[PDB]
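Consider the single chain below, provided in structure tokens and representing the form solved without the partner chain.
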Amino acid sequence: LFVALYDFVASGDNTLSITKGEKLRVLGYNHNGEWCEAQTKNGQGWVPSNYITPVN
């Protein structure tokens, strides 16, 4: 699993909204490593790389 460290409000680039301490599962990156495609109990989308942690 992965957990959210900060809140992210979805803007453009079909992003996803995420709240702190949230459980998400990472499916892959974007190349330069700046965005992750994730799934939560709410859906699937791009979230910033430094907002989540591979720990947990």
Given for the second form:
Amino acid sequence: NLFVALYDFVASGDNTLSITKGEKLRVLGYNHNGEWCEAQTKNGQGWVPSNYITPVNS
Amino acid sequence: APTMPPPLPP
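Having seen the form solved without the partner chain, could you give me the form solved in complex with the partner chain?
Starting with the chain above, the whole complex follows.
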């Protein structure tokens, strides 16, 4: 489940994680309605918006 | 998970 960041997102509390466009990440899980995604990048782990990432592989 | 809603794509 490899994904890549579509846009920049800066963390602002609630255990969110800052990501830069083009950055690869492993998705660990989602919240109840899939709006938030728990991710791991080389910089750490935390929540990022699901609409800010896209799958890699096809 | 966050209690705040996610921002919209730019």
